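Just the one chain here, laid out as structure tokens, in the form solved without its partner chain.
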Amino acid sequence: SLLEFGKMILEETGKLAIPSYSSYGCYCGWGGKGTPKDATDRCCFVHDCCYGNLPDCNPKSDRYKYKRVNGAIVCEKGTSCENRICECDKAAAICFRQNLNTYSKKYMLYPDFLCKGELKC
């Protein structure tokens, strides 16, 4: 759920998922086509692929729990779906944080028409 993931992002980046990453690049939004604009965008690309590999789940809606062990992110013992959804979000948020040094304001509110050609996971 955008809830737990939203909290992960705000904790790892110090930024609100809405709207710092909700309209970013070609993949940190909704759909997604074309070449990711940068590392942060690639993060969302990989994030989509991760969700894409959970056909048996509801990555976006379904919810889960999680905690933090003296610094790092720690996914709790839930249903595999919730355990994996958690790992997909943890990797993206840490990916975001990792690449904060290249986060670009110009990639926010990115018009999708500028995103062409479906890249493969």
Second form
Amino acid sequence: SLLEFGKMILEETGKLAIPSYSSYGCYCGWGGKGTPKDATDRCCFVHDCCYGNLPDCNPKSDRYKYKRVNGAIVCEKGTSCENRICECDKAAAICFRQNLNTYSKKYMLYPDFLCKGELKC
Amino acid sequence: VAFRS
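Given the form solved without its partner chain above, what does the protein look like in the form solved in complex with its partner chain?
And the full complex, kicking off with our chain again.
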């Protein structure tokens, strides 16, 4: 679920998902169009694609379980949709951690009109 | 929270 994703994001990065990743660049929190602004925004692009791979799942609300095996996220078995959602979220949280070094606060609340063009998944 | 695309 979105709330679990946000807890995963905070755990990985120490930033709060709202506001650090809820309105960032072209794809975080409200993606759709545009060239992603940086690597963090590409994490969100890929995460959006990842959810897009699951048209009959409901990643905003469906809850999954995961645990940590020293540091590492391990998705626990739920329904097929929960497993696949968890793997999307795990990847994005790891991606955000891998790209913290280039996170830029100037992409928070990034205006829509600066995001133009479709980029295929 | 987030809630994109």
